[PDB]
Amino acid sequence: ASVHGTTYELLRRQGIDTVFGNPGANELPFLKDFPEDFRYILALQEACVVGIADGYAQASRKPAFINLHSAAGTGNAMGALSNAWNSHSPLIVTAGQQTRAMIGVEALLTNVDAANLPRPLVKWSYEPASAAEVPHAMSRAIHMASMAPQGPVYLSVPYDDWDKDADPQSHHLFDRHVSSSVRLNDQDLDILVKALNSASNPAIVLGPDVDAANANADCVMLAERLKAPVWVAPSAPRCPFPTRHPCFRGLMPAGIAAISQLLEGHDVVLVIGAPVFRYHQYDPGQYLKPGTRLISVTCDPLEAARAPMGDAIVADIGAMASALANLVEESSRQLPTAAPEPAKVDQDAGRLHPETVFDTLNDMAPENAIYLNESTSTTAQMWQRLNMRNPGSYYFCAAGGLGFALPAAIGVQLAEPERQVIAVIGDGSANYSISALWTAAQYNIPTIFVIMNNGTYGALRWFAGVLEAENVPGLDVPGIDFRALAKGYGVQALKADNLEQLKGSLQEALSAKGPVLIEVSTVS
Amino acid sequence: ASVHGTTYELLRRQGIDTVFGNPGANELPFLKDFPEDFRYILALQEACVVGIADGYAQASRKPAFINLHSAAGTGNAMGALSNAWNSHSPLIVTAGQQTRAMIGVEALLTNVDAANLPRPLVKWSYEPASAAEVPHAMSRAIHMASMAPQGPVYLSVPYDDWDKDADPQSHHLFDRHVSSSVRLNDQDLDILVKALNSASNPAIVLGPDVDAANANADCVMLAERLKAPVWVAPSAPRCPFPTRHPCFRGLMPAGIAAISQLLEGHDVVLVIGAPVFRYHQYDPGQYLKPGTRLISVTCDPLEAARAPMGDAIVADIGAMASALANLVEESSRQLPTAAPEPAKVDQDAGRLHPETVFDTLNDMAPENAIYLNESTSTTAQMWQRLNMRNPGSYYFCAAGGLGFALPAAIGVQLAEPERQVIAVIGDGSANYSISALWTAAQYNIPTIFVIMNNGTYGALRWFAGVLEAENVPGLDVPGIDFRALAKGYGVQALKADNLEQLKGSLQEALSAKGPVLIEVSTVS
Amino acid sequence: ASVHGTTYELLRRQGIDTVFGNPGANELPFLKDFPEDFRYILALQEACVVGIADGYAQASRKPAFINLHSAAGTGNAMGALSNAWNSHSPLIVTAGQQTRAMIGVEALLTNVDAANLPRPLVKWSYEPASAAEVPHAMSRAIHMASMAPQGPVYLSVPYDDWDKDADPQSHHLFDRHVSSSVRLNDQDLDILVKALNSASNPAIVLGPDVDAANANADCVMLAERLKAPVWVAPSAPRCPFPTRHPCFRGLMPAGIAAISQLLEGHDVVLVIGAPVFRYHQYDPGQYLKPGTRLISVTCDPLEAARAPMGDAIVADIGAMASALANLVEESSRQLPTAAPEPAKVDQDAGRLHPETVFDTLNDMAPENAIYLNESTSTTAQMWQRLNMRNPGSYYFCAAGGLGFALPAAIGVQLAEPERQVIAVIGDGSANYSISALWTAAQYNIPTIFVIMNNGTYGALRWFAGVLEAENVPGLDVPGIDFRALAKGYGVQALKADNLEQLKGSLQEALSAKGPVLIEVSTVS
Ligand SMILES: Cc1ncc(Cn2c(C)c(CCOP(=O)(O)OP(=O)(O)O)sc2=O)c(N)n1
Ligand SMILES: Cc1ncc(Cn2c(C)c(CCOP(=O)(O)OP(=O)(O)O)sc2=O)c(N)n1
Ligand SMILES: Cc1ncc(Cn2c(C)c(CCOP(=O)(O)OP(=O)(O)O)sc2=O)c(N)n1
Ligand SMILES: [Ca+2]
Ligand SMILES: [Ca+2]
Ligand SMILES: [Ca+2]
Ligand SMILES: [Ca+2]
Ligand SMILES: [Ca+2]
Ligand SMILES: [Ca+2]
Ligand SMILES: [Ca+2]
Ligand SMILES: [Ca+2]
Ligand SMILES: [Ca+2]
Ligand SMILES: [Mg+2]
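Protein chains in written order, with the authors' numbering: chain A, 2 to 525; chain A', 2 to 525; chain A'', 2 to 525. A prime marks a further copy of an entry chain.
Incorrect hints may appear among the rest.
When chains are identical, the list treats them as one kind, so a pair holds in a single copy or across two.
To be verified - Derived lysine to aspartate or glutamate pairs resembling DMTMM-like cross-links, with alpha carbons at most 20 Å apart:
1. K488 - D477
2. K496 - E419
3. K124 - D114
4. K290 - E225
Treat the hints as calculated values from the structure; they're not laboratory data.
With the hints as extra help, turn the sequences into a complete structure.
Spelled out as structure tokens, the structure:
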């Protein structure tokens, strides 16, 4: 067998059947003779390739496979890898290298010092020393991406390797099963359970690795047993809990002092599947108030090490959540009462308040919709206004890197064809990965894109005001016609200048057979 | 003085007056109080920011200053940095970092291990250890980008540094002059000149660093004195010689055997300002035929080290070209005779042959036009069909990384407001950095964009045929309306479906007061 | 031809005839069939291997070739590479890698991520992608080490590569000549010369790259023409000027304020072949006083970039020194007058003052002796008390890293068999690379080692007093018998407890046919 044939066999035996890519000359020897059981998903720029694969992996809860061109293609994707690192996304990033005979002279298309290029945004990065090593290196990539804490990996392959003879002993790679589905030993788990059972006023904080593990329902059981309020950790990349469950208390503010004040009075705070904590604004103060003890369960040693307070347990979130849910006592405390709905913002017959948009989406969208957020100034309101009952219902750029949601929404929709995806994207954010629209059109992936057009980088204007920073350039983005951009890439386009038009456009979009973009005129 | 005030003073004293950027929260404390003598050029995605700055630096022959957001913004620009490295572009890339008090906890927006992120695509990469070090680090960045061999550099700055007190002794940085304008010592230069004077059949090969140095006219003098044919080194990022001068022989093919056959019979081959050589295709054979000696003059130790043959001299290309032009004897050989014009391809009243497009551009464009090429399957024909008399007339992605020419053409046009820029971009290539169009519209930078629309990644279809590679996915890009994309970003748009319409559209474009995009229907 | 045969041919054609090494299993396929025209110099630990090669390269003014074992052997040498980086030493460091078939499984002896291991202490670091690339990679290593600014490089080679067939076209590598012997263009050089001719009170500061270039005599001519005092830049790794010439003013103190005060009143300060400046102690103040302009000539862009003041020229030091010496006017100012000899320290019949030791060495040693210094508390006195008329007469660990002088003195003595080498090494410093003594014994390299035994890390006790730092552990090193260590490794040993015994021991050492160690009891 050839390295080509052996590698595709390994991929299929390890559950991979889709290549997300943008091709180049070093990749043609890999992509030739493309197997009939595989699917290739083309995107027009590599940030879009990786974003689509990322959404697909996160929603599918399985690795996604990517093929990019050399250095320049890898480089175009490195902002997308920044988000993927922070979301623990299991991405297998391959890139083609020049033929081995031409690497030394640094022919055009040579990826110089290739394994260093994507660092520090990958768990493992490698170029094999020979063609017959390629299947083994691919095996390592698969497993490294997939083991807890999951994350992106990088493999560079000289193009001449594919046609070489493989080692027959590479067959031992095909069916390897590698597990990291581990939890705290019984004796120490019993100590933890006792501490939770003994707490007088526990709180729970959940992060994105809960949703990644599909631990949501176990966390519901845990919270009901402990009679405990539940917060989502700050800067949330995913939604780990039903947002209208009685215990839910919403998104934590991303500041040190704000979080310790919120937790004040809670004697035990159990954090599951989050960093401690993904703060954002500078908000100095106490990490915890006196009287509060924190215990973190994380899948990531790096998280456990850097937490400034609390104890930690490094384990698989699914296995831990299930064990805790099933082991804790049912408390005799009263169950928390559900938060009331938020205020209805007054809305005239002109430009839309973002709150109106979210309320209307929540009114009209199916109960199993999936939302993506890249409307950076409206996140707090979005989190209050969408009833998200089910797992896998929310994604937000995990490193704060714009250009995620537009492509990722396409990947999520591909992963979840029965669940309507609605991406809510600011007019600024929409440009970073605009060409991803084409993939939705060409593959008929029926994502709905809601562009919140206020003409400005609103979240930056807000931060500049918090800074009392004057005379800042570059904050306005006038003069973009998003209906014309959608037309450019083959996507049906609608405009909503007022609430009547928003409702009409959403009605049309929700019944369409293909992707749809709605440009919404929002308040400045 | 503050670090902010001291840093902007250093920048202005070192000739910097423009910031190419896409802002974020870590950069607002740098960008606030933006000096009135500086200009900010916004682009909507970081590949576009860096591409525009790159074109501006290359055309202006001076450093360009960039400000990007953290890790994600830097990451989005790394494909653009791949080209910048290969073109020796003097780019000062700054990125904002989290406040020092929040770096340890890895708050959102922290650039982890920041100095490693852009490697290996930068000459120098650094994060200062204190706020008062920032002006000095900026000084180092300026000089490192600007010294031969020029190239990109990276500086990460925690956002709290700007408001701190500067060291008063940073004033010594302001007026530092750093020169690398050096040439071979007289004794060894005399040996070289003797070897050139003694050659019976010399040839000259020129690369991009000639055009960067504005050494073109000295190279003309050299070639006329030596009575020598002149080739442009393969994979050419720039044009180093007048393309209708009698000595000009065109673009070398990017293959080992092809180049040694071309040089056969030339006893001395002098290469100036090029790698030896930027081969592309696999074309094995002899590096040089018996009888040919090669001498390379390069500004880059890395080039000199990796050449597989010949002697080398590492020196400034401007200083060396001038010294050689003025020192060599006038040979009594006959001057080379000019190449004839190429064939006129037969053209019906339907879709355009690329050759027709280039001939028409050459007919209609001003004699001081500047061309950019990202029409990857048509490069050889472009090189034969454009009469480029002047320096600075051609740019092509120096690493082969698509997404360069569209933004770079905007930067070149900003650098050279009297010279009409015409970017010839394939329909595939146009998507990588499509949002750069907006910057042309907003700043009214009157670049002309000629989109060669054949519906496919034509250069990849060609390579796949050379490979006899069948069943390759991802090679077709149907269904893009480039007039609608131009409308989306505010650029006047025209379509040319035949030669009559091409001429009419070019006539309109050449007289327009703003940027114009022409979508040309080219043969498949 | 094999890769083995081709590589040794390249080495010999490029002037390499000696391998400094400590062997291991991955290196046996390189070292087998060792050519009869090569010499292997074994040392017992890799810090010693590299130190010996470093001294040999620095004294010989040519590259030295090293072969180490994998990761562990490379790792043992990284402190030695720290010094080599700072001294611009042209060292070609090769290390053997596992066979390509075993690298993926990470068999014992695999050097993981090999090219990253010696960073940031090398100019270039690489592992070839195929066996036939090895000769080319070796070529690149040779040239990268040898081009200005010279420095160490690293090449990792899988052991199975050596027996493979080489590319016949590797013959083009054998006789490549690569020059970086460049100087400032005539127009700008004339500006510099005018500035020097016009100065009313010039000063010259010289660094180690002067001695490396053997530019010493040109600098003497320059100083005599300009009638200028001459200082050696701080933290001096080499001696660039005759220490009893009338212009010599000694070693500059390694502090910011101290140097600006020293230069006060000098209108133009010309620095040649030094960083600006290798300060050590914290001594805050002005970089330069008003009225002083600084101009630096450096072979290293990194030096030029980081200088906090002055103009800079990046060029070869030999070519620049010769051009300046020959171009400047003879000033009518009076020549500086020579410094008087230093004080004679009062010396009783007991333990030796270091000053006594240096005076006695200067009395007894040949005029062409070469000194190495690793007696860290006595450097200022050493610099005042040794008359060093000739180039190549002094070496000191250029990064301050102990373990250099003992092995380097062996390499220097091998490089300069007619010049008696005398290494003056503290009792603390002697231990770092003690096993290097064996190489002197086995090869009969007649270095004299003078161990200054005061029982303590004296320079650290001094710094702790400057800090008023009390209760510092680890500063005393009692209980070392250096005569017994010398016996252990086969070196003749003598003890000097007083001046009479010092003179007797030096008389014996200077007439010995082999290496000799003298343990001197020095004052505490
Ligand atoms: C790749 C990248 N570049 C720049 C930014 C900076 N950025 C920018 C540019 C923001 C404004 C986004 O504007 P929008 O129109 O999408 O939404 P709002 O108007 O609601 O803020 S929010 C912020 O973090 C970023 N995070 N990521
Ligand atoms: C960033 C990046 N991604 C992918 C490629 C691969 N690439 C691609 C995708 C080519 C086709 C470009 O198509 P085009 O329409 O712009 O021009 P032609 O049809 O004339 O080839 S040429 C080639 O090198 C690349 N070089 N750079
Ligand atoms: C490899 C290494 N380790 C530790 C040190 C620290 N070091 C030490 C340990 C010094 C004392 C050397 O003692 P000595 O006996 O050689 O000489 P003095 O007593 O004259 O200081 S000087 C100083 O920089 C160093 N520079 N290099
Ligand atoms: Ca409602
Ligand atoms: Ca699915
Ligand atoms: Ca907005
Ligand atoms: Ca014509
Ligand atoms: Ca200009
Ligand atoms: Ca095309
Ligand atoms: Ca004396
Ligand atoms: Ca010698
Ligand atoms: Ca001592
Ligand atoms: Mg990197």
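Comparing the hints with the structure gives:
{"no.": "1", "hint": "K488 - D477", "in the structure": "between (24 Å within a copy, 19 Å between copies)"}
{"no.": "2", "hint": "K496 - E419", "in the structure": "neither (26 Å within a copy, 40 Å between copies)"}
{"no.": "3", "hint": "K124 - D114", "in the structure": "both (17 Å within a copy, 14 Å between copies)"}
{"no.": "4", "hint": "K290 - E225", "in the structure": "neither (25 Å within a copy, 52 Å between copies)"}
Consistency with the previously given hints fails for numbers 2, 4, ordered from lowest to highest.
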